[PDB]
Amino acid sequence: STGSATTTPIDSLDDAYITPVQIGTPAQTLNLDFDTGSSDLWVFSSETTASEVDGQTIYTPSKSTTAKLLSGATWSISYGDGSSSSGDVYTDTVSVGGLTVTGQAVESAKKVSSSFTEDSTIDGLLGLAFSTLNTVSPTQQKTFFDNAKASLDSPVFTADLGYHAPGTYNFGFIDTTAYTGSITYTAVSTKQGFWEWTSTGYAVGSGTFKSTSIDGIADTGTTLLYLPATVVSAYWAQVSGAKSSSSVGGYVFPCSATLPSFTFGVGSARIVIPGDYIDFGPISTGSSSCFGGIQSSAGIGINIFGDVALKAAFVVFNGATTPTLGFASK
């Protein structure tokens, strides 16, 4: 089997991407944030504290003839940005782009943090990291991809995120018309539960490529590109007037600037992020100071190849017995 679904930016800055997902019988379609950095499929629901729902579409398990409460199961997750959610668990039928999994764990939120409430466009998350990170207790549950992968034509999914435009998540096949050149594959460590890999280096604009190992994670659920402070300082030094602002929480730059590209290495291959992918717009409405899309990872503990990086590539998440990642230009 295969599936193919369009993913759409939630706003004009590409702050996140949402993908429609059918849950239950009859189908209830929710728009979920596909997140290769986590491993829970959780949704706003009829069980979510009413004051914490503000415009989201909810899953109502009592209206699904295939929903079954997973007895005794609870979940609770906290994300790297400080947001969180928790609740109980159903199993139900879940379909993405024509690919159907029966008995998928659907984690129904009883509580969500304010950042989720305040984002009316995101109805939940669909985790695509390794199932070892799933938070369901006392019996850990499998991700949608883990449940589907034996049925797929090939045990892979691909992320093709757009810049200020829709893109595609495919399951089970590699669309050879969706990229240019070849796909370069690179080794993955699953020891932390992530799609963790080592970039071979970087360049700023037309500058010389610096060969240096940068261990990080491919994370579709993180907006920005978080890299070591040395790398980030080298990038922003090429933008007149850019500075790290402690009050804002990262590098900012004059909105009148023209940003240089940023290149990262995948083996001997090179992925070029155009400068305008690095512009996240005014820090507050009407400001002429703009927020940068490349930020230091120093306070995180891990480097993160988030959407800023991934949207410059066609990315293969190869879930073979030994997982690998692939990157192509597009």
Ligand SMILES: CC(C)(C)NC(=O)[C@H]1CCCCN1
Contents of the next structure:
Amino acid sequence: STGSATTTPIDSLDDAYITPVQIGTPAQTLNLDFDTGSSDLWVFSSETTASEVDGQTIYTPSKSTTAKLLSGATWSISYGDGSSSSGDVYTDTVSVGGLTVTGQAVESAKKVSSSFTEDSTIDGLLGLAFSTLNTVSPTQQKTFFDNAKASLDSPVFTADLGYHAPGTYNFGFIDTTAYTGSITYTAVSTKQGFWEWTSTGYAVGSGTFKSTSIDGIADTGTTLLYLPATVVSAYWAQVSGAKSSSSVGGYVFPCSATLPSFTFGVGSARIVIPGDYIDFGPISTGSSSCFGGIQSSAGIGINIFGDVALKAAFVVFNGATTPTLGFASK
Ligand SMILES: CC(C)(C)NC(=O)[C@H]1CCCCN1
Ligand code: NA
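Show the form solved in complex with the named molecule, please, because up to now only the form deposited without the named molecule has appeared in this conversation.
Shown next: the complete complex, the earlier chain at its head.
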């Protein structure tokens, strides 16, 4: 089997991407944020505290003939940005892009933090990191990918995120029309439950490539590129008037600037992030200070290749016995 779904920016900045997901019978379609940095499939629901729902579409298990309470199971998750959610668990039929999993754990939110309530466009998350990070207790649950894997034509999924445009998530096959050149595969460590890999270095604009190992994770659920402070300082030093602002919470730059590209290494290959991808626009409406898309990881404990980086590539998440990541230009 295979599946193929279009993923769409939630706003004009590509803050996140949503992908329609069918849950239940008859189908209830919710727009979920596919997150390769977490392992819970959770949704706004008929159980979510009413004051914490503001425009989201909800899953109502009582309207699904295939929904079953997963008796005694609870979940609670905290993300890198300080947001959180928790609740109870149903199993139900979940389909993505024509690929169906029966008995998928659908984590129904009873409570969500303010940042979820305030985002009317995101109806929940679909985690695609390793199932060792799933938060369901007392019986940990599998991701949608892990449940689909044995049925897929090839044990893979691919992320093809758009810059200010829709893109695609495919399951079970690699669309050889979706990228240019060849795919470079690189090793993955699953020790922290992430798609963790080591980049071979970076360049800023037309500058020399610096060969240096940068461990980090491939995370579709993170908007920006978080790298070591040395690398980030080297990038923003090439932008007149850029500075790190403790008031704003990262590097800002004059909106009048033209940003340089950023290149990262994948083995002997190179992925180039155009400068425009690193513009996240005014810090507040009408400001002439703009927020940068490359930020320091120093206050995180891990480097994160988020959407800024991933959208510059066709990315293969190879879930074979020995997982690997692949990157191609596009
Ligand atoms: C995408 C935004 C708007 C940050 N929503 C959130 O509060 C979620 C997004 C996925 C990672 C954890 N935080
Ligand atoms: Na922000």
